[PDB]
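Asks: Put chains B and C with the ligands on the given structure of chain A with help from the hints.
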Amino acid sequence: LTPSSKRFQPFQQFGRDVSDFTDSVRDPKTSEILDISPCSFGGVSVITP
Amino acid sequence: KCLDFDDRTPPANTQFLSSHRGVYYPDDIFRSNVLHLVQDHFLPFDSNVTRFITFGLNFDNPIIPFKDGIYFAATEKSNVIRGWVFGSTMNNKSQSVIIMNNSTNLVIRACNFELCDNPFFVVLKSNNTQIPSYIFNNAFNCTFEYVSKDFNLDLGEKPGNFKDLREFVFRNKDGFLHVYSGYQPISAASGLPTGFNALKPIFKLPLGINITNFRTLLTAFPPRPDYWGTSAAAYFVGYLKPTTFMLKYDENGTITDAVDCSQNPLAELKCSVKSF
Amino acid sequence: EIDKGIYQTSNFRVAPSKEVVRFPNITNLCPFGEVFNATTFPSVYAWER
Ligand SMILES: *[C@@H]1O[C@H](CO)[C@@H](O[C@@H]2O[C@H](CO)[C@@H](O)[C@H](O)[C@H]2NC(C)=O)[C@H](O)[C@H]1NC(C)=O
Ligand SMILES: *[C@@H]1O[C@H](CO)[C@@H](O)[C@H](O)[C@H]1NC(C)=O
Ligand SMILES: *[C@@H]1O[C@H](CO)[C@@H](O)[C@H](O)[C@H]1NC(C)=O
Ligand SMILES: *[C@@H]1O[C@H](CO)[C@@H](O)[C@H](O)[C@H]1NC(C)=O
Ligand SMILES: *[C@@H]1O[C@H](CO)[C@@H](O)[C@H](O)[C@H]1NC(C)=O
Ligand SMILES: *[C@@H]1O[C@H](CO)[C@@H](O)[C@H](O)[C@H]1NC(C)=O
Ligand SMILES: *[C@@H]1O[C@H](CO)[C@@H](O)[C@H](O)[C@H]1NC(C)=O
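These protein sequence lines are chains A, B and C, in that order.
Numbering follows the entry's author numbering, with no gaps: position 9 of the first sequence is 547.
Numbering follows the entry's author numbering, with no gaps: position 205 of the second sequence is 223.
Numbering follows the entry's author numbering, with no gaps: position 33 of the third sequence is 327.
Hints are computed from structural coordinates only; laboratory data are not their basis.
Don't take every hint at face value.
[To be verified] What the simulated footprint calls covered on chain C by chain A, stretch by stretch (three residues with Cβ under 8 Å from a Cβ of chain A suffice, anywhere in the stretch; the number is not a length):
1) 297-307
2) 320-332
[Unchecked claim] Stretch by stretch, here's where chain C covers chain A in the computed footprint (C-beta under 8 Å, at least three residues):
3) 546-555
4) 572-579
Ideal placement from N, C-alpha and C gives every residue a C-beta, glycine not left out.
Just chain A, same shape as in the assembly:
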């Protein structure tokens, strides 16, 4: 979670991306839009002689 900088209409509560995934959420207690980011996925490969 980071702060979200996209402009947000007051009635707009959840911010969602192309796939309709919430990339931005409004905190209930502090109506701060928050950028939502994925958690660091990748593949483990082994180089070897």
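Replies: Leaving out everything else, chains B and C with the ligands in the frame of chain A:
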């Protein structure tokens, strides 16, 4: 009290073309810079809208059937339109709700109402005073009432073109009147101007009753008692249809344009390509 | 025994550290007790939502 006004000129049910206006935000979900197709109730493009006129030549407060949510537009400069009454039968037997800006505040009373068959506010000319109006002669079994914040409500008379356009969408979804509102400051001479508007929601009212009928609420501007005069006023009533629409959202997450799939074969293509 | 080359074998994972847990502030107590302990219960024909 509860006056009924005689020999009102018939509205004649004049019809006009609809336009790209009548669009509202489907949901609070924020989508930006994205093309989205959605099924919902909307105002079809170029559809027929019934113009009901309270200019003064005619006064009409007809019971208008509430079908699947209505798009209301009021083109006015003196804020002559005051509110609306939504009810199934409105014969004092069934539940009805009154949403107006009566004197200074937004009032929404869901109560069984002795609906005056001619409900009209009484506004004094050159005094700018609302004489008490009996919107309901009495009230009994009042279920839901909400008084909003007080506001300065302009009731004086201004001569000109209708400088203001108040547009509302009333959707009776489940037992909820969902009202999506907007305003346009452009003044039009005598026509509902062509254009698109995006209606932000205001109230998700939980009335929980069936609404089959509704009547807008006008006001009197009689320069003399019992004369029953009115100023220039006009408005448009459009029904909504369950057709899918194609909406473009800018980077600001604001509705910028839309396309009705069913309207035109090229529009159908635009939908199927999901491109403009 | 493995001959020379590159080989993809695993999928890296980042685990969540903790939880944010944000709800609204409503603290009023619900009347479900009142509904359940309603002194009189209407008939099934007069069942009330
Ligand atoms: C979204 O809205 C903002 C605010 O209304 C727009 O930002 C403005 O952009 C203009 C032109 O670049 C500037 O003159 C203003 O100073 C900006 N204001 C703010 C508060 O940023 C932005 O351009 C809009 N984006 C759209 C319509 O795509
Ligand atoms: C919720 O309550 C907390 C604790 O007092 C407060 O810090 C926060 O601002 C409140 N938020 C809202 C939206 O009431
Ligand atoms: C709209 O009105 C025109 C003429 O007034 C009519 O030909 C047309 O069928 C109407 N469309 C409707 C009622 O959907
Ligand atoms: C008001 O409604 C009641 C029943 O709900 C009815 O008996 C009465 O006649 C109504 N008032 C008027 C003025 O008709
Ligand atoms: C308008 O409605 C409010 C709320 O019900 C009420 O207090 C006020 O007296 C009303 N004014 C008029 C002129 O009916
Ligand atoms: C609802 O209205 C009816 C008459 O229409 C009345 O008999 C009844 O007492 C009302 N209910 C309440 C809770 O006031
Ligand atoms: C409205 O809906 C209710 C509930 O389905 C139904 O009983 C009633 O007949 C409908 N029409 C009117 C005019 O109330």
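Asks: When the structure is checked against the list of hints, which entries are broken? Sort them ascending.
Replies: Violated hints: 2 and 3; rest satisfied.
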